[PDB]
Amino acid sequence: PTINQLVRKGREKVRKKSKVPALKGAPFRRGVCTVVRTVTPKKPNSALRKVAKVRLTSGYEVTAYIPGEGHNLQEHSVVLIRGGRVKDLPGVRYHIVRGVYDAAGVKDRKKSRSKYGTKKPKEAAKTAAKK
Amino acid sequence: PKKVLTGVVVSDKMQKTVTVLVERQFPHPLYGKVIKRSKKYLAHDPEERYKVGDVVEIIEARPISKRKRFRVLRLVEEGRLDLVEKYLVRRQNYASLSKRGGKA
Amino acid sequence: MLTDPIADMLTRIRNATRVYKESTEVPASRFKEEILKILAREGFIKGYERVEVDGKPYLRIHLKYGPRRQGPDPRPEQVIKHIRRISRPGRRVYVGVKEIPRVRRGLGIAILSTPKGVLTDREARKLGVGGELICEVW
Amino acid sequence: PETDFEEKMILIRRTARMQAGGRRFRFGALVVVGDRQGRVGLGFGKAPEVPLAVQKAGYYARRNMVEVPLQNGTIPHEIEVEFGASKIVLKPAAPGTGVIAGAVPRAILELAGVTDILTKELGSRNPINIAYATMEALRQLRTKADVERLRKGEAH
Amino acid sequence: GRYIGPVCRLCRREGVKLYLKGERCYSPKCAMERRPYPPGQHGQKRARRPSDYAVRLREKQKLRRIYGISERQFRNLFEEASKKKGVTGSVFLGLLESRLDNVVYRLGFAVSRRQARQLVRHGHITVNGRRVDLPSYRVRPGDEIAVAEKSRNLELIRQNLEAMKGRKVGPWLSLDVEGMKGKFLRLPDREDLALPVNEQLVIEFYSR
RNA sequence: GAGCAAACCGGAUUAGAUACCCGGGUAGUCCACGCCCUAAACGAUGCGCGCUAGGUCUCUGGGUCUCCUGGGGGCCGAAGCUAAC
RNA sequence: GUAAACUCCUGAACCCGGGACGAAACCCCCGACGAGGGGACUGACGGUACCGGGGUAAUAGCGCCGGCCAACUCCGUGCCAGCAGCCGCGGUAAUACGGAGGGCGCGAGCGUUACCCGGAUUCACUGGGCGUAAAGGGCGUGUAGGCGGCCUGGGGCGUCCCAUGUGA
Ligand SMILES: [Mg+2]
Ligand SMILES: [Mg+2]
Ligand SMILES: [Mg+2]
Ligand SMILES: [Mg+2]
Ligand SMILES: [Mg+2]
Ligand SMILES: [Mg+2]
Ligand SMILES: [Mg+2]
Ligand SMILES: [Mg+2]
Ligand SMILES: [Mg+2]
Ligand SMILES: [Mg+2]
Ligand SMILES: [Mg+2]
Ligand SMILES: [Mg+2]
Ligand SMILES: [Mg+2]
Ligand SMILES: [Mg+2]
Ligand SMILES: [Mg+2]
Ligand SMILES: [Mg+2]
Ligand SMILES: [Mg+2]
Ligand SMILES: [Mg+2]
Ligand SMILES: [Mg+2]
Ligand SMILES: [Mg+2]
Ligand SMILES: [Mg+2]
Ligand SMILES: [Zn+2]
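Going down the list, the protein sequences come from chains L, Q, H, E and D. Just add 4 to wherever you are in the first sequence, counting from 1, and you've got PDB author numbering. Just add 1 to wherever you are in the second sequence, counting from 1, and you've got PDB author numbering. One point on numbering: in PDB author numbering, the residue at position 60 of the third sequence is 60, and numbering is uninterrupted. Just add 1 to wherever you are in the fourth sequence, counting from 1, and you've got PDB author numbering. Just add 1 to wherever you are in the fifth sequence, counting from 1, and you've got PDB author numbering.
Some hints here could point you the wrong way.
Cut-off 27 Å, straight-line C-alpha distance, at most; resulting in silico cross-link-like pairs (DSSO-like, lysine-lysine) [to be verified]: (1) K98(H) with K18(D); (2) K34(Q) with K21(H); (3) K17(L) with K88(E); (4) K34(Q) with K13(L); (5) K37(Q) with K17(L); (6) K52(Q) with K69(Q); (7) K115(L) with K54(L); (8) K88(E) with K81(H); (9) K14(Q) with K87(Q).
Calculated from the structure, these hints are not laboratory results.
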């Protein structure tokens, strides 16, 4: 375009679209589980994947994937949502953090941990170094 | 020092008052192309001496109403409808953009 | 009717050289004539000389090239490998003195047009002035 | 005299063609050979076996070299070169700057024996034409512009 | 707490001999002696042509691991450099080599850097008179780096200087084994240093 | 309002045909004035201007006229361009 | 993996004693009520920092190791349980799931999530485009506006330069 075009009717800056409708910015959410179903995957993969609606503090009723090999969430549990989409589950775009509120970290895990909230073990259960 | 600006009257409808057009000119903050914008200032004619299209100079002064804060020092050419005709012709356009709908 | 008198010349020299013509003619005028004074003192072109054609003044710019080369495509390297217009009309590009360009790391000039004649990045800087940046040649 | 340098494989690919029955891969190696003293050359030959592919390109390499005008440890001056859609652009840099560029242009510049550059990229970041991309750059650097503008011209 | 733990495995990972222990890493036992291959369950297997990043990386962990500094203190100096007039490269080293905990190594007061790090900590060293238990203290041109008066009587230290009787010092330092003192003549220049490094690469690593 | 022809009426083909085929047939296609304004409204390539090899065919004016000079339409092609075409 | 064991050297913590800068004047005296000089009270932080002596080896974790992105085998599991930033990995040999060993990274921290800039020449002024990829307005007429051939002379608004004030 002519520079005397760029002048009248300039350049439109690029607006962003939050892929995380969790009001007022906010990094985590507080929601009350509602229905803890088991959605299937998508085109390429397959199985059963734990997921669960969550009436969010902000007011949104959003779906959330339930990470881990097994979890203890029910129909009234209070949970913390993180953020990050799964690629085999349309509609959900948020994760459930563990070891936070009615949300408990999966047992026996041993590498993830920080991810998957799960106080590491005691290993022989002694001071910071014996066994 | 009080700023002086040089423009072209464009309306003498009011009493002891004259609407002057100041065209300025500057390069783009972000495109450097030269550019022209304009402003209508309202200065006082205590002698009714200045008439349509006279090219005047202007100075800051005691506000003399809502908007008028300048005066008409002295002349710079006692006649040029050439430019007034432009402004008058710009307005004439608006009178016709949107609403009226020449299509109805 | 030309729109940018200079740009015309510059180009007329540009294509001219790409086909290796011996010299090209361009509408005369002080300015262009002063602008070619540089390309000439600087070696991009053997030279120009006021000439007439059909009755209208024109300038014959005798282009300068290099030697024929070895291997395929034997055409001679270019003296004016690049010659652009910077300060176009409706785009006036004036630069301060501290804003003068460096151009092709000194391999090329940049004809300025300071209120002190038509100089080059060098001179203009040397004299201590800036002004409309007419072009950049290398 | 001597005709031996240091070789570096830029990027290899299987290419696959198709026929009744199935597919048929043809390999592609992209090599750069250099002195680190001013000479370097790209090369990309194909073959039914990577090695030959490399070797071949090793031969195509050494055949297309370009004495690069290095001043100290850099390119004498600036240059940006258009290719397919790639636009490599190198900028001479002070000493102690480092190479500073893409896998490809670096593979090339680093054999031409450079040490300090800053590179400009802006399209088809395609290992291949950026390869070539960095070379005509190196082919367009100037030696004697200083001479061409002021020397006579007899027999052209 | 920078590293602290197995060292020679570091020596074995960079593939080059690193002097992180002073003694020993000289007699047949620095591991790089009949076992120069990296540690782990695959140190002996074959290595694959490294990535431009791998080289730049390895070359850094080298420069750094030689001085045993946290990538943190490491970086920030890199920056200091970057900013100072002069060849990023050497200017970097200069400083690196200006660390008290280090200078105490070059002057001999201790068998190697780590030990020197410590001596500085336990207050067995001095700079201009006022002791300094700070490893990262930058020694400036003209600062005497002596041994703590109340330390000049430690066996370990005497042992060290005792064997320096003869060992010349970098042309950028000088010491007085008698008064167990020693000055920092001037920032050692890249040449003066015999590092198996290619700082033209460390540099390149922080250009990513 | 001759011919043609959405819709629609029958005929036939089909596993079924509210379709291809066949025989009719209305709006319509036609003209007047008024309205609609869309389009593969395509060269799918805004307008103007200056510059850069040729050859070949062709329409139209000038020409010392099967040759050169102007305007318009096609073809092939220098340099150059293009992701390629 | 010299990693530990073991040996020797040093000795953060902790204990003893000492412990201050930040404070000098306002007041009072001499002097003249000046200038100057003399005198005296004045700590929250603290009994803290800091100095001197004695002094014990005396917290480590966390992320990753298919490609980008540095780090690999085995065992389990079998399109399940589960990984996932993109590409994807798992349907009975998985370097891509889980544990083990090992390894890379960083270290009182390391991962994560969110948001801003970067990469993004992906709004392009520097630095892009529109025959077929997204992109020429169906055409014209013409308004505001943007742009404007050649020569000389006045202004010198733009533009450039010097000084100076401002730019706490
Ligand atoms: Mg929330
Ligand atoms: Mg734990
Ligand atoms: Mg313990
Ligand atoms: Mg204006
Ligand atoms: Mg008023
Ligand atoms: Mg391009
Ligand atoms: Mg680049
Ligand atoms: Mg440490
Ligand atoms: Mg490493
Ligand atoms: Mg040591
Ligand atoms: Mg009928
Ligand atoms: Mg299209
Ligand atoms: Mg004629
Ligand atoms: Mg024609
Ligand atoms: Mg063609
Ligand atoms: Mg061609
Ligand atoms: Mg003791
Ligand atoms: Mg941008
Ligand atoms: Mg684009
Ligand atoms: Mg003009
Ligand atoms: Mg002026
Ligand atoms: Zn070792």
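Violations among the numbered hints, reported as their numbers in ascending order | Structure breaks hints 1 and 2.
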